[PDB]
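Quick setup: one chain, the form deposited without its partner chain, written in C-alpha cells, and binding and motion questions come after.
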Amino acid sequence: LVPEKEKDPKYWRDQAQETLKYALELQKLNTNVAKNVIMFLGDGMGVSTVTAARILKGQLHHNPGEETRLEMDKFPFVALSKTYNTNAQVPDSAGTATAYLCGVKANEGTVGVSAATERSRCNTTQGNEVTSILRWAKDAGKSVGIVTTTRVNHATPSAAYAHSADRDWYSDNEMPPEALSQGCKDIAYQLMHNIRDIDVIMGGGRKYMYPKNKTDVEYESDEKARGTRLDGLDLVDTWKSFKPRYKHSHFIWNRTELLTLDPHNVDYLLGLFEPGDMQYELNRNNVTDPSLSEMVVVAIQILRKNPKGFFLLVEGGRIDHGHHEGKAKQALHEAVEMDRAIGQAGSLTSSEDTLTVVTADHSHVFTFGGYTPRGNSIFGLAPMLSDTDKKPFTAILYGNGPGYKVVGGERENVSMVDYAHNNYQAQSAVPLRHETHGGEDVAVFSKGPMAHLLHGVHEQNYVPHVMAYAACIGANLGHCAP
C-alpha cells in the first residue's frame, strides 16, 4: 500500500510538530467546576479491542484503517487502571462496577457492598452498604440517568443503586428460600425503591418487572419472555406511583414512541425495549428497537434542563457477550457503535463545563496479529501458511473459548469456510463453552474540567473520587471552598 504522501519525511515531521504545538497549548489547564459528568463504560473493551475497533471503523469508510482516529482518541487525557477484585485475580463485572461507581473495592459477585460481605449470605448485607456517585449527585440536587444495551438489573447498571450479596438475584424467582426468609430484596425490586427519583432509565429486562406468567407485549407467543415475579408486584406501576402527580412520566418499549417524545416536556422517562438483553447491532431490527446513539441523545436532551447539571452513565454491554461467544465481529461492531454514541454526546455538550470519562471494567483474551500487510481486512487471513501443518489461519484468535475445532487430530481448514461471516468463531487454544475474561489493565480517556487529574496508573476505585471533586459533590467539597 504505502500511500504516496507517506513517502516524504516532511509530512510526518509536520504532523508531529502540529501535535507538539497542540500539546504545548494544552498547558493552560481547565480548572472550572464540572456542572455535568458523563461516564462511558465499555464492558470488556480492552486495549486490543480498542485498536481493532479503530481499524474496523477506518476500513468501514474504505481507508487503510490504521491512521483513523476514534472519537475517544480525541480526548485530551489518558490514564491506565488496574481492575482486580479483592477476591479474584481476574475480575468480575460486579466487583469492578462497585469499585468504579462507589469508590471501594469489593468481592466478585456482590453489588454495592464492601469486602466484608460473603456471596450468597444475606446477613452480611446489613451494615456493609456503600453508596454510589449517582446517589451523591442526586443528593447534590442534580439529575441522574442510566442507559445501557443490557438488562437494567445487570451487574454494571445495578452497581449504582442496589446493595445485594448475589448478582444472580435479578428477581425473587431466582432467590433461594433462605435468602427470601432472611429479608433480602432482589435487584429489580431495589431499582424502584432505593432511589425513587431517577429521571432517565433505559435498557432491557422487561420480564423481571411483571407478575409471573404474564405474556409479553412484544412476543406474545414467546414462552421464554413471560414475567417472573413471584410476589405479584407490577414494578412499572410502582415506578410511576412513586413520582409527583404534577410532573410528567413516560414508559416506552419501542422505537416509534421513543422518537415522538418532546424532551422539553418530559420529566421522568422509563424505557425497556427487550425482555432480556438487547440484540446485537448487526442483528438489530431498526423498526422496533433504537440504537445506543438515539437513546444517548434523548437522555442528554431530557437531562440538560436542570439548572444544577446532571450525571449520566452509559454502558455498551454486549461487547462482553460478543467476546464470550467468541464472535469478534459482533464485539467490534458494538465498540464502533459505542464510539458513535460518544461522538454524538460530545456534539451535544460543551467541554468548558462538562467532564467526560470513557473507560472499561476489564479485558478479554482476544488477540490479533500474524504480520498482516497494511490495509488488510481485520477479519482476513494471515499472509502465509502455517509452517507446521501447511494450513491457513486468521489474524484474530482467542486464548480459550468455543472456537476450538479439531476434527480427528487435525485442525480446521478455514479455506473451506466463510471466515468473514457475522457469527464466525475464531479458533482458540483450549475448548470452553465460553471464553474467559482477561487480567490486564484498561485505558481511561478524559476530557473536560479538571480532567488532568487522571494522569497515570491508578486503582479503579480512584476513578469516581476525582469526578466528585470536579463536580463539588460527595465527601470532598474543596474545589468550591472559598
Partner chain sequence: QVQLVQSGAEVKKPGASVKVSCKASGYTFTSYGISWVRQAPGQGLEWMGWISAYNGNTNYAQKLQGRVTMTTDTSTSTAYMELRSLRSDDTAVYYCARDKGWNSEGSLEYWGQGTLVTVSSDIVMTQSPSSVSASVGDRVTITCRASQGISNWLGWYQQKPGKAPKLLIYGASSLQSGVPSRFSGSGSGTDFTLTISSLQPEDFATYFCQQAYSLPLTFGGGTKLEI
Second form
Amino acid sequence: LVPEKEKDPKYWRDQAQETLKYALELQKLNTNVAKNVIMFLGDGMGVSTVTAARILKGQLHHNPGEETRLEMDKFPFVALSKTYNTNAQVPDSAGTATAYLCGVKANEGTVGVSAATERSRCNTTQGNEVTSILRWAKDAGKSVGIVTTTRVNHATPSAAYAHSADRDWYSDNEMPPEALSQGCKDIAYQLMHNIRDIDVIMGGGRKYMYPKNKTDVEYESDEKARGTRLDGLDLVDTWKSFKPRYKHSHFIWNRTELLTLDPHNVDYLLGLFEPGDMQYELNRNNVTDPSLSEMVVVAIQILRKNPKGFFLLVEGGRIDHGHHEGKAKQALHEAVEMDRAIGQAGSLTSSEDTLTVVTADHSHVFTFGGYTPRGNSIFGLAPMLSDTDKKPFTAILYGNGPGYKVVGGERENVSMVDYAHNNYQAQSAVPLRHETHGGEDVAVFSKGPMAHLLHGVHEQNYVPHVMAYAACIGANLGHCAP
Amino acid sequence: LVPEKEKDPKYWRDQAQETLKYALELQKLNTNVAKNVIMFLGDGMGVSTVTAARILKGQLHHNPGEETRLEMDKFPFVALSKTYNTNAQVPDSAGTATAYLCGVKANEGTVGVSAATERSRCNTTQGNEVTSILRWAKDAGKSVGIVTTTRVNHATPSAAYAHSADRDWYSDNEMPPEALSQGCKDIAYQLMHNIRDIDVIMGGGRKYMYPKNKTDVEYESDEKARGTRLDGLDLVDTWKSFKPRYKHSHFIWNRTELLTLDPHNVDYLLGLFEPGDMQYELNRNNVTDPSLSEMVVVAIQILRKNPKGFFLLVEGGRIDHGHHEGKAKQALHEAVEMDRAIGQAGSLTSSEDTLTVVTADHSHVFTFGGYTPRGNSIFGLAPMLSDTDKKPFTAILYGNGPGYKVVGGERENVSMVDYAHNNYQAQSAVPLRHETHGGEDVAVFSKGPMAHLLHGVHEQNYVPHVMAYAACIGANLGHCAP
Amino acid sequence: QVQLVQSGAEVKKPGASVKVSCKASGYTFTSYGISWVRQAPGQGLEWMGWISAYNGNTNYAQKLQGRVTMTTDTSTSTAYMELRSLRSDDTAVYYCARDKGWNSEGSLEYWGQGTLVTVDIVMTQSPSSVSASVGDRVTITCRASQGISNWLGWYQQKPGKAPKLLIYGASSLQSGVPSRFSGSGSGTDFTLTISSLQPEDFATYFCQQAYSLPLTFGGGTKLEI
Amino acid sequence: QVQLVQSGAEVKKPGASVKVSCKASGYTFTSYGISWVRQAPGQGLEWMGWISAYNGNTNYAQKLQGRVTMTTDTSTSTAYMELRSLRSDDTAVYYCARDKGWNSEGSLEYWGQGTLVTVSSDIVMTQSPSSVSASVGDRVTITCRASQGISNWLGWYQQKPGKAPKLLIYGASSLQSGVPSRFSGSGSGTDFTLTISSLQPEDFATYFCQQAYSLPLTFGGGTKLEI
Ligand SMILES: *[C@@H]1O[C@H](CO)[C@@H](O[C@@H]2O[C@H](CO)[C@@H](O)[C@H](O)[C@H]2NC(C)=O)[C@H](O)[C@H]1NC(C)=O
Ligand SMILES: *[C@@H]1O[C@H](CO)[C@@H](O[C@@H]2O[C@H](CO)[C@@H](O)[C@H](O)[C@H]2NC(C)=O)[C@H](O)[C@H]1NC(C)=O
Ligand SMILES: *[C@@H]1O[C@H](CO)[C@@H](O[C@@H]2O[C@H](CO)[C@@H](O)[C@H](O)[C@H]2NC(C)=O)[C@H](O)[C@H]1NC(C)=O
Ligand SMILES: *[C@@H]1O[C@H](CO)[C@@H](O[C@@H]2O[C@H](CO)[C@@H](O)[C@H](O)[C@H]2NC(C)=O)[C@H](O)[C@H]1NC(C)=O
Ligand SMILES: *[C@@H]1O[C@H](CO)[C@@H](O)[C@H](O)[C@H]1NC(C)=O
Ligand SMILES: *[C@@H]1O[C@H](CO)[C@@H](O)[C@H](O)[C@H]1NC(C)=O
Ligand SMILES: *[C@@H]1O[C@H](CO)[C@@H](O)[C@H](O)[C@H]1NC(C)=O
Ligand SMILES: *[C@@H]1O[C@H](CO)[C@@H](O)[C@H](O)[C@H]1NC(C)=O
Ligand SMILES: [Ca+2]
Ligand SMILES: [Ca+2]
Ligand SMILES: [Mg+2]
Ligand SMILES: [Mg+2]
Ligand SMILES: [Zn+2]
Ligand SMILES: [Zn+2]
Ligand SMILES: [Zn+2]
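Can I get the form solved in complex with its partner chain as well, since the one above is the form deposited without its partner chain?
Every component of the complex follows; first up is the chain already shown.
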C-alpha cells in the first residue's frame, strides 16, 4: 500500500526521536501508594492474539491497521510471565488462576489450594488453603468487586474466593456422593458464604442459585435454564439476608435496570444476566443484555465511594471459549471489546493513585502468516496458491482443533466456501474436538504507581506479590512504613 | 513430576519476596556512557522458540527444564517490537534488518535503502540510501566487528554495509544484464569497497570471493564450491590491499588457525570458513569448523584493544533456516548455541560500561502444547490420542510447511516412525515447500548503561536510536552535553 | 493519633435543654460518622443515634425520638448533640464514639472521655457473673433473638473508663489487642474466650449487634477475681 | 584542551648531541603515540619517526637511522628525542605531533609549537600546481598524485608562514571537526583533489598532502596559494 507520507526517512527519524524523548522523560519514577488497584484479565490472550486484535481494531475503522495502537499498548511497562504448573507443563485455568491470584503455584484442576492436595479428593484439602488478594484487600478496609463475562463460579473468578479440590463442582448436582458425605461444599455456596460482604458481583450463572426444577424468568420454556441445586436453598435470597437491614441491595438481572440504577444510592449489587455463560459479542442482544463496558463503568462508579480505595477484578473470559470452539472472528472481537473496556475504565480513574495491570493466564495455538500484503484483511486468503496441491489457503491457522477438514483424500478448497463468515473454523494440523492450550510465555502490561517492578521475565506468582506491595496490604507492609 | 520442595507455599512466597527485593534494588538507574555496544540477533526467534529452547536447555542437563533460566532471561529489561514493513503485513529479512540497523523502515526485498525505491530497479537507488549504525560507530573512532553463522553477504549482515535494490544479488554472476549495464554493484563487491576499515569479519561465503571456475581449498572435487565471480576479481586478494603495510592481516579459514592466533598481534581479521552457509550445530565438524562461541570470544578479544570502544554484531541466523524446513530440533539447538554464545560474551565483558541487546527480526508459525505433563520430552507425543481418528500426535506442530503428510487418505500414524530423529519434520496444516514467517511481535532483551529506555511496545526502528543515544554517537549527541 | 474531647459536667432542671460537644482530632473529619451512646449509673450502655459527617444524614433512637437533635460542623471539626425536656431519669454519662470505616458504622472504635449529666433484636449474655483466678480460661456466650450473620462486636469496660473495642465481626481481632482473646460463633450463638487470665483483664464485657437499627448492647458479664 | 609544549632553541656544534623535549597535557598520555617531524628553512616537511606511549615501540626513518633515539616517560608525560653526530645541514625546526586515534596513527592532529635548532621504494608524492594565484571569493583546486595506489589514506595540511601545520582533511573525504565546510576533498587510488569553493582572505597559505600507507611517511612538495 505504501502511503506517500511513509516514503521519507525524516518521518521515521522524527517518530523515533519523539518516542525517545517520551521514554527519557519517563525516567521520573512514580513511588506513590496505589490507593486503587484494577486487574484486567484476558483468558487465552497471547501475543499473536494481541497482534491480530490490533490489526482488526485498526481495520474496523478503515485503516491498514498495523500502525494503530490499542488501549493496552499505551501502558508504559511490559513484562513476560512463565505459565507452567507444578503438575503440568502446558498450563490450565484453575492452576494459573491460583498462581496469579493467591501468589502460590498449584496443581491443575484445583482452585484456591496449594500443591499438596490431590484432584477430586475431599479429605486432602484441609489445612492446605491459601487466601487470594481479594481477601487481603477486604481485610484492609477496601472494597472488592468481580466483573466477568462468564459464570461467576467459573475457574478464573472462583480462584479468588473458593477453596475446592475440583473445578468441575459448580453445584451440588455435579458433586459425587462421596464428596457430599465428606463435607465438601460447591463453589456457589462458597461464593455466597466465604466472603459475606463482597460489594459488586456481575456475571452469568443464574441457574446455580435456584432450587431444582425452577422455571427461569428470562427463558420460560427452555429446559436447560432451570435450577440445579439439590439443597433447596435460594442463594440470592440468602445473599439478600446476609447484609444489614439499613442498606440497599438490588439484584438486577437485565440491562434496563442496570441503566436505571444510580450508584449514589446503591451499596451492594449482584447481577446475574444469563443462565450460563453470557453470549458472544457478535451474538449479544442489545435490549436485554449489557456489554462489558457498561458493567465495568457501573462497577467503578459504585466502588469509587470508598475513601480507602477498591480492588476490581475484570475478566474477558470468552476469548478462551472462542478459541476452543475453533472460531477466530469471535475471539478477536471479544479481544477488541476487552480493549474498549480497558479504555473506558481508564477514562474514569486517575493514573496518579491507581495501579492498572492487564494480563493473561495462558496462550493458544493460534497462528497467522503467509506473506500477506499491507492492508490485507486479516480473514482473507494468502496472496499465493499452495505450490504442492494448487489450492488457496487462509492466513489464520490453528495447530489443532475441529477445523481439520479433508474431503475424500484432499484438503478443502477454500474458494468454495465463505471464509469471511462469523462461524468459520480455520484449518488445523491434527483433528480434535477442542484446540488445546499453549506453553508460550504471556505478556503483562502495567501502569500506575510502583508499576516499574514488573520488568523482566519472571514467574506468574510474582504478579500478586507486587500489587499488595504497592497498596500496603498483605504480608509485606514496608512500602509505607516509617 | 511435582518435586517435594515445591509442595510447600513458603517456597513460592520466599521466591517471590526475593524477586521483589531484587526489583527494588534495581531502581537505581544506570546512566553511564556505553563505551561498548554488543547486539545479539536471533533470526526468526519469536516467543514460542525462546521458551521451547529454555525447556530443551533445561532437559539437556537432566532436569524438568520449565524452571531453568536462559542466559538472556537474566537481562533486567524486556520490551516488545512491532515488525511490519511498509509494503508487507508479514515481515521479511531485508526490510526488518534495514529497520533495526539503519533506523528507517523500508520496502520488502531491498537492503540499505528507503521506501522510495522499487525492487529490482537500480536507477531508483540513487539519492535514497541510508547509512547504518556501523557507519556511525566507525566515524566516532570505534572498532567494528561482524560475526555470522550464515554468509557474510546475507540479508541480515549486508543491511549494515550495502545499499542494494535486491537481496538475490549476491555476486555479479546473479545480476541481470540490464542491472550490470547501469553501473550497479553486487553485495560482495560492496562488502570490500564500502567500509575499508572493518576490523573483524567472521562467516561463510568463500565462493563469492574468487573468480569463476576456481577450485576450493576444503572441497577439491566438489563442483558446487567453485568460484562465481564473472569479473575475474579476487576479493580476498584486494582485501589485503586497502590496509597499511605496517599492520597485520591474516585471512584464516579453519579452526586450527583460529585457535593459534595472538590477539595482541592481530589488527584486521577476515574469516571465511565455508563456501556457503556454515553447517548446523548437530552436523558440525570437530576439527575444521569453529562454533559460534569461539568466534565470538576471539572477535571480542581482538576488538577489546581499542581505548574508545567497539561495536560487535553477532548473528545466529541458522534458526530461520532450521524452521523453514520444518525441522524443530535443529532450530532449537541453534537457539541453545546462541544462548551459550551470549553467556560467553557476557562473561568476557563488564556490564558497567557495555550495552548488550538481544533481539530478533521476525517469528515463525511454530507452536507447541498438547496438555503435556511435567518433565515430558519436548519432542515427545501428547498424553492422549486424537478424539476423532484415534491416532497419536506430537506436541510440536507447524502452521504450514513440508511436514504435511497424508498417506492414502488419512494422516500419518506417528507411532510407526522415529519421531526423535534429527531430520524429522512435524506435521502441518497447509502443504508448502517452505514454512513461512509470522506477524507476531518480537521480544527485545536489554542490559547495561541506559538499558531502561526500551520499556514498552514500540516500533522496530526505535531500537538503533537508543543505542546511538547511549554510546553518544550519531545524530543525537545530547548525552554528552554539559 | 486520634483523640476526641468533650465538655464538662452540666447540671440542669426539668424542661431545660442540654448541649454536649465533641471535638475530634487526628483524622479527616468528613470521612467518618459520629455515634452518641448513653450509660446510666449502674446499668448497661444505651444507644441514641448517629450523624454522618459527609452528607449530614442523621438517625435517632425510637425511644428518644422527638427530643434528640444532632449537628456537625466540619469547619471546626465538632459534633453537637442537643436534648430537650429533661426528666428525672436522664442523668447519665454521654459518650461520643467514632465508627471504624466505610461500611462498618456499627463498630465504635474510638470513644470520648464521657460527659456526666445530672438532673428489636434482644441480646442476651451468659453467665451473669463469673469468678476466676489468674491464668485460668473463661468463655462467655452471647445470643441474639434473630440471625445476625457475622455482625457482632465485643467491648470491655473497666470501672470508670470508656468501653474499648476488642473483636469486630465475631472473628477478627482489633489491631492493638493481644492475641489471647478469641472470638467464635455465628448466626444465633457467639462465644468470647480468654485462654490465659491476667490481673489487668478484670472488667465488664458487652456484646453489641450491628445488623438492624437500633443498635443493642449486651447486658454485661462481670468477670470478678 | 590538549596542548603540547617544547623547550627553547639549541645552538650546537658538530659532533655534539642535542635533546628535544615535548610535554603534553589534556589527555590520557598512554592512549596516543607521538610522531616527530622536521622542517628545513624554506623547504618541505620531513619525517623522522614515532614512538608509542603505551608499549614503547619505536619506528625511525631509514635516512636518519643510527642517530635518533626516542624515549617516553609516562610519569611526567613527556617525549624526548636525542640526536647524535650533528652535521652542518641539521639546522631546522623540530615538531612533536600527536596522532588521531587507535588505527588512525598516520594523521598528525595536534602539533607542538616548534623548536628551532641551529647548527654551526618509498612512495613519492607529487603536488600540482606549485605557485597558483587567485583572488578573494574564487574557487581553487589542487591535485596530489602518488607513485602507488594508497587506497584512501591521505591527509591535507595547511601551514601559514611562521605557524605549525594544521590538519584539514583526513581519509581524503572526511572533514576534521572545527574546519569550515568550505574545504572539500575527493579522489581515491592515485589522484586526489582538494577544492576551495569560496576563497577567503584568511585562507592564503601553503598546502601539503601526506600519505599514511607505508613507512616512511611522505609529505607533499607544497603549493603556495598566493594573493
Ligand atoms: C428488566 O427487568 C425488570 C425487572 O425489574 C422487568 O420489569 C418487570 O417486567 C415485568 C414484565 O413481564 C412486569 O410484570 C414486572 O412488574 C416488572 N417489574 C418491575 C419491578 O418493574 C423488565 O421488564 C425487564 N426488561 C425487559 C426488557 O424485559
Ligand atoms: C478450487 O476452486 C476454484 C473455484 O471454483 C477452482 O477454480 C475454478 O476452476 C475451474 C476449472 O475448470 C474453472 O472453470 C473455474 O473458472 C475456476 N474458478 C475460479 C473462481 O477460479 C479451482 O480449480 C479449485 N481447485 C482445484 C485444485 O480444482
Ligand atoms: C588449516 O589451515 C591451514 C592453512 O594455513 C592448513 O595448513 C596447511 O596444511 C597443508 C596440509 O597439506 C600444508 O600443505 C600447508 O603448507 C599448510 N599451510 C600452512 C601455512 O601451514 C591446515 O592444515 C588446516 N588444518 C586442517 C586440519 O586441515
Ligand atoms: C498406529 O500405530 C500403532 C503402532 O505403531 C498401532 O497400535 C498397534 O496396533 C496393532 C494392530 O493389531 C496391535 O497389534 C498393537 O498391539 C498396537 N500397539 C503397538 C504398540 O503396536 C495403531 O493401531 C495404529 N493406529 C491405527 C488407527 O491403526
Ligand atoms: C481419604 O479417604 C480415602 C478413602 O476413604 C482414603 O483411602 C485416604 O487414605 C484418605 N486420605 C488420607 C490422607 O488418609
Ligand atoms: C444492536 O447494536 C449494534 C451496535 O450497538 C447495532 O449495530 C445493531 O444494529 C443493533 N441491533 C441489532 C438487532 O443487532
Ligand atoms: C529506470 O530503469 C527502468 C528499468 O529497470 C526503466 O524502465 C526506467 O525508464 C528507468 N527510469 C529512468 C528515469 O530512466
Ligand atoms: C566431536 O564430534 C563428535 C561427533 O563426530 C561429537 O560427539 C563430539 O561431542 C565432538 N566434540 C568432541 C570434543 O569430541
Ligand atoms: Ca439475558
Ligand atoms: Ca569448513
Ligand atoms: Mg475462564
Ligand atoms: Mg538471515
Ligand atoms: Zn485460560
Ligand atoms: Zn481454556
Ligand atoms: Zn526467513
